[PDB]
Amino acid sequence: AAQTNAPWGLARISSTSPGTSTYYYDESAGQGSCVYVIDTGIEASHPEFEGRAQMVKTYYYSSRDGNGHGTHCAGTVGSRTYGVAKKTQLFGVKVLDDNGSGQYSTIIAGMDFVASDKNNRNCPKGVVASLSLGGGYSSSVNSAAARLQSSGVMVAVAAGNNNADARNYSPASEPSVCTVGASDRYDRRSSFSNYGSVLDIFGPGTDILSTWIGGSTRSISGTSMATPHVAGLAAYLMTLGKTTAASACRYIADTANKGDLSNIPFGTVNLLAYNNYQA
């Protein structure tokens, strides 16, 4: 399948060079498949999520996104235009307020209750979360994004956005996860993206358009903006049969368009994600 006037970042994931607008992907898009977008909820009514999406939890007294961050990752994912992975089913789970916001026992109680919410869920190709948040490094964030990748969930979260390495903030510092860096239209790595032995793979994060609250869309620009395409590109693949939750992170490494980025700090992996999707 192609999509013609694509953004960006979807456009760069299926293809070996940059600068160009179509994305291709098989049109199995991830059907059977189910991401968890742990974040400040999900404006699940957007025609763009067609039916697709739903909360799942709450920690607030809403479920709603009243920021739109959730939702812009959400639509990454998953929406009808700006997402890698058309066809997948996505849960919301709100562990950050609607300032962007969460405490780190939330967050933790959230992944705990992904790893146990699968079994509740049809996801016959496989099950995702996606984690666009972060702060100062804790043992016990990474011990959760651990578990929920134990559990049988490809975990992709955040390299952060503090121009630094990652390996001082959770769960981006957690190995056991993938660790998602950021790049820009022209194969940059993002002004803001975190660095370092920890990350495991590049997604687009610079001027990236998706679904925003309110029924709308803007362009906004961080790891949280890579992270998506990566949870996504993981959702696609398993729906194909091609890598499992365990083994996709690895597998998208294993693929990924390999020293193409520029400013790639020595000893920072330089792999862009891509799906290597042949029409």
Second form
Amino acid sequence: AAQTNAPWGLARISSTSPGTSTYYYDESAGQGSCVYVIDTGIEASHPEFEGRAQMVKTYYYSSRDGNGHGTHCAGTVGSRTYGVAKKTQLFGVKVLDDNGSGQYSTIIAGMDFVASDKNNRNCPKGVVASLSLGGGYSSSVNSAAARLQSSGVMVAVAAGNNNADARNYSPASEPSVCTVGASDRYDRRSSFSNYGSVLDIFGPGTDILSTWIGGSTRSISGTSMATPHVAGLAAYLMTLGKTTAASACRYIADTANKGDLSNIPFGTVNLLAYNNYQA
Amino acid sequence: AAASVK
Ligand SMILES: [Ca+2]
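Beyond the form deposited without its partner chain, can we have the form deposited with its partner chain bound?
Full assembly next; the chain just shown is listed first.
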């Protein structure tokens, strides 16, 4: 299939070269896979989700997204127009308040929640979780993400936006999860993207158009934007049977476009996620 | 004790 005039990041993860505007993808489009978005929530009523989204857990007085951050991330995974896996089922988990902040204890509670809740859902093709959040290093936070991965959920985490080595941030620094940096439309490491040996892969992160609250759209930038590109890709590749939740990050990294990025410091992978579709 | 959006 082909989506003309798509957001540049969708075109890029289906291109061996930059400067294209069409999104080429298999029509299965992640059907039968489930992606948990752990963030400020999801405005499920948005027309772009087509009823495939719902809020399953909150740790605050409200389960609505009052901030917009989570709705945008969910849009990049699975919105009808802006999403990688246009037929996936999305489940929201509000671990951050509408200011965008949260406590590490509530972050941990949300990861252990998904490890249990997935057993109450029909995800015959696999389960992914997207974590476009982070903070300072904490073993406990890392341990929570590692537990989630081991249970059989592909965990993708944003590397961070401090133009520093991600080893001093959590859960980015956890070796067992997939740690995603950001690139821009000219195949450069985004200026703000963290780096380091703990990074697994890069995805589109600068000026990413996606869903927002109030039934709207907007473009924003960060490693938070690259992570759902990778989260959706994993859901798409599992439906196709190409990999498993356990071995997906390694599979994306091996099949990636290798050697196309600039502004990559020595000691960081030069891998840009690629969906390897050949119509 | 706090994490943030990125
Ligand atoms: Ca890994």
